[PDB]
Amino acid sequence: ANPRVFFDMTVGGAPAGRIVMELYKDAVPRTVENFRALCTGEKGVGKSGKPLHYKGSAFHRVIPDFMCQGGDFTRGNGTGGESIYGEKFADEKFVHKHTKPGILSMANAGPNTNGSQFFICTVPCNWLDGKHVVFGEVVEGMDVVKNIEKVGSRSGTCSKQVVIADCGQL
């Protein structure tokens, strides 16, 4: 089966709902296994000294009509993150594309620099194809994603704190 994982989100401390994501284990198992394990926290503490876990981390970069980015649980600002493999890992495959709202894809700092940061597209983003590894999609809770999008800005800075208050695997 393709794993299903969830984030229970807060915005400004108030519950904003649950996002459920299907992960394409069939197509990109290594990338999926990293994300899945970071949802459960099962690997424990990373080399960075932080739990390898999305719980309590924030969406630090949100741009309306584009995407919501999170996953930096070591620095909280886009400079951090750690994978279950080490600091970074290679681009697995580009078989999936950024075809619709809710696509889940890896943020990076160029080729072969995947860590723990990810983004959820709110629009089709074909200009990202071949540059970011797509590894799943939001299957429930696009309203929650739109909730988050509305506290974003053109620069990505959020006007309220957006937190993964709980997460895990279904």
Contents of the next structure:
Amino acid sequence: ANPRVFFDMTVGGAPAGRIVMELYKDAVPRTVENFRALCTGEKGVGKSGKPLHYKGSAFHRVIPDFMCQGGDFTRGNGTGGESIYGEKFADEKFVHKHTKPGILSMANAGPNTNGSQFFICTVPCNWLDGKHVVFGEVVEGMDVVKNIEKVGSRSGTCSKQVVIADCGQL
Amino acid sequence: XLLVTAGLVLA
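Can you swap the form solved without its partner chain for the form deposited with its partner chain bound?
Let us now look at the entire complex, which starts with that chain.
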């Protein structure tokens, strides 16, 4: 089966609901395995000395009519993050494109720099195709996504903090 | 522009 993982989100400390994501283990298993493990925290601590775990991390960059970005559990601002394999890992395959809201894809700093940061598209983003590895999609709680999207701004700054209060695997 | 980078956010 393709794994399903979840985030229980808060916005300004207030519960916002659950996002459930299906991960395309069938297509991009190495990328999926990283994300799945970062939802459970099972692999221990990274090079940063922080837990390899999304729990407690935030969506630090949210841009309406584009995407929600999170996963920087080491610096909280887009300058950190790391994978269960080490700081960075290769782009596995570009077999899926950024075709619809709810697509889940890896943020990076150029080719072969995947860590832990990810984004959820809120529009089709074809200009990202070939540059970011798509590895899953939101299957429930897209409303929670759209509610987070509204707290964002053009600068990416959020009006209230958007936190993955809890996370794990179903 | 509209990118998703991790440390130097560009146009």
